[PDB]
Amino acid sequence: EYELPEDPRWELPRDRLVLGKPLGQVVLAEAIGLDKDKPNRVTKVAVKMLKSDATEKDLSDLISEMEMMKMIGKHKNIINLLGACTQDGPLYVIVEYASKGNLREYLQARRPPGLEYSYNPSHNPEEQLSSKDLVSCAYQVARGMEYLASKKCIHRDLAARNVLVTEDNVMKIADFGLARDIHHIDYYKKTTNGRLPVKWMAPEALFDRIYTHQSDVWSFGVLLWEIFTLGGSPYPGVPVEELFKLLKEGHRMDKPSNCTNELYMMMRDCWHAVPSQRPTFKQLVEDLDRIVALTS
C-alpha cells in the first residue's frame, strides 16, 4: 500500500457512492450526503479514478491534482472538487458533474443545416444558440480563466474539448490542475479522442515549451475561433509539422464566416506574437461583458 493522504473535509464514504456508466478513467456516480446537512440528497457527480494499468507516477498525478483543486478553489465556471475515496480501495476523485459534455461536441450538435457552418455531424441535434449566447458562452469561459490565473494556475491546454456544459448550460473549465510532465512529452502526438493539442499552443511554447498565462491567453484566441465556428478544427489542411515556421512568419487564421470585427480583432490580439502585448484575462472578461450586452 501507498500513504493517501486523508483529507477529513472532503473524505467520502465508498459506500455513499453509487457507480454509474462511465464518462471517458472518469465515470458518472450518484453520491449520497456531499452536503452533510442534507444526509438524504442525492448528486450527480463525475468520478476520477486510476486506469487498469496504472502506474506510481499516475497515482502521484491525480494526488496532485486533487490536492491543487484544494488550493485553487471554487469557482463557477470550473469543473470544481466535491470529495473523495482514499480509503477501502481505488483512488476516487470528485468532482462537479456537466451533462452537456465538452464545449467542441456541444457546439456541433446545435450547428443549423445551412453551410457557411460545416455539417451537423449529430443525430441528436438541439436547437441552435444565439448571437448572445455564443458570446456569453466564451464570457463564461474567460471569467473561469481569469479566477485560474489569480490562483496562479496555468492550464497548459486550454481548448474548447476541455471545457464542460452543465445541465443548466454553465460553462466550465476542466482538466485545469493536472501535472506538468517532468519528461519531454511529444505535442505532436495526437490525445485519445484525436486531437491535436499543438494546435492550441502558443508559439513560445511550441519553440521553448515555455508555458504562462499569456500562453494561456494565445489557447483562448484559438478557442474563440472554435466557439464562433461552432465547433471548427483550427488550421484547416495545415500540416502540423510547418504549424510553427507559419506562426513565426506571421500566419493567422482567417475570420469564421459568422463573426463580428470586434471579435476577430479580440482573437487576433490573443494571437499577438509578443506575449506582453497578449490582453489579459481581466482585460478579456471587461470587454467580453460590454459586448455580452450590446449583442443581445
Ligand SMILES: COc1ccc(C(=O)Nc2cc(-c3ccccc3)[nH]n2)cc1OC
Second form
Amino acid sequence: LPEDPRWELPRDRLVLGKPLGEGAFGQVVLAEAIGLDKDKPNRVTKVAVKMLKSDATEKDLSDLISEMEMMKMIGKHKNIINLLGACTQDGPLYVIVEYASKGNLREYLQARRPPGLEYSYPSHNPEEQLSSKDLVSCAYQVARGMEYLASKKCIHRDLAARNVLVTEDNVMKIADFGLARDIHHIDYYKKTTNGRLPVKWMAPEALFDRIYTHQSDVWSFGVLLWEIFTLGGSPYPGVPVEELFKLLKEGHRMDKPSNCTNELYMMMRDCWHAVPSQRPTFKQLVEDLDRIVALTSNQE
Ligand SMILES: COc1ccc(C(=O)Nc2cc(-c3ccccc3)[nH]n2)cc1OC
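Got the form deposited without this ligand; any chance of the form solved in complex with this ligand too?
Whole complex next, starting from this chain.
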C-alpha cells in the first residue's frame, strides 16, 4: 500500500479496544487515537477503526482501500461519518473514522420510545425522550448530509436509519456512503442483522431496472422519514420480497404514522412519486425541512 502523509497516523498512536462492528458496517473496533490533530498531540479521541477479518480476500482489501479513497475525495461535512486517518504501512490496513456513541438512528429512536403500558410487548421506561421538533431536526440533518453527498456526485444506494449514526451531541451522521458498488446482484432475499429486508428502502426503478440515482436515494429518504416518525418502526412487517414487488407494481404506499403531520406525510408521499423526475431533490427537502423545524413545537 502507498503512504498518503495527508492521512497517515503512526500505529503506536492507536489504542485498539472493543469490537463495535459486525453489528453492521464491517470489521470494526472502538479505539483511542493519540494526537490525531497537531494541536495537540497529547489528547485522546475515541474513534471507530475499520479493518479486515482473518479470512479476508484481495477483493475484500481492494474494497476497503476504495471506501477510504472515496471518503478522501468526498471531503468533510457535519452530517456524514468523516475520515480521520489511516494506518497503511507495516501492518494490517486500518481506516479511522468518526465514532458515534449513540449507535444507529433505528436503535436511538427505539430506545426513546414512550414507556411501556400493560398492553405492550410494559417495563420499557427510558430516561430519554424526543419532542416533535427533535424528530423533524433529525430528518433535517439527514437531508443536509444527503444534499452534501449529492453535491459531491455521491449516490448512497442504501440510505436507511440503520446507516445513520448518532453522536454524543445528537448529531446525525450518514454512514456507508463510500462503499464499493457490488456487481451484479444484490441478494433481494438477504436480511440485515435485525432480520429486515433492504429491498424495503429501494425505489422501484432501482429494484426493477437497476437504475440508481439521487432520485432513488430521495425515495429511500421517504422510507427513512417514515422510520423517524414511527420511532424506529419496521417498514412492511411480515411482507416477503415477492409480496413487496406486487405492492410496488400496484402503486401501494405506506400509511401515515400517528406521530406525523399531514405536511410531513405529503413530503414522504412526494419522495415516493412513481415518476423519479417528479420527486423533490435533497436541496428542496433541506429548504422545506428547515422551514418546518422552525414551525414545529418542542412542547410535546
Ligand atoms: C451504545 O451503543 C452503541 C454505541 C456505538 C455504536 C457504534 O457502532 N458506533 C459507531 C460505528 C461507527 C462507524 C462508522 C462508519 C464505519 C464503521 C463504523 N462509528 N461509530 C453502536 C452501539 O450499539 C450497537
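In this text, rigid core is short for the largest set of C-alphas that superpose within 1.5 Å between two forms. Numbering follows the first chain given and starts at 1.
**Student:** Which listed residue (193, 99, 130, 169) has a Cα shift of at least 2 Å between the two forms, rigid core superposed?
**Tutor:** With the rigid core superposed, the residue that stands out is 193.
**Student:** Given a superposition on the rigid core, I'd like a yes or no on whether residue 73 shifts its C-alpha by 2 Å or more between the two forms.
**Tutor:** No, residue 73 moves less than 2 Å.
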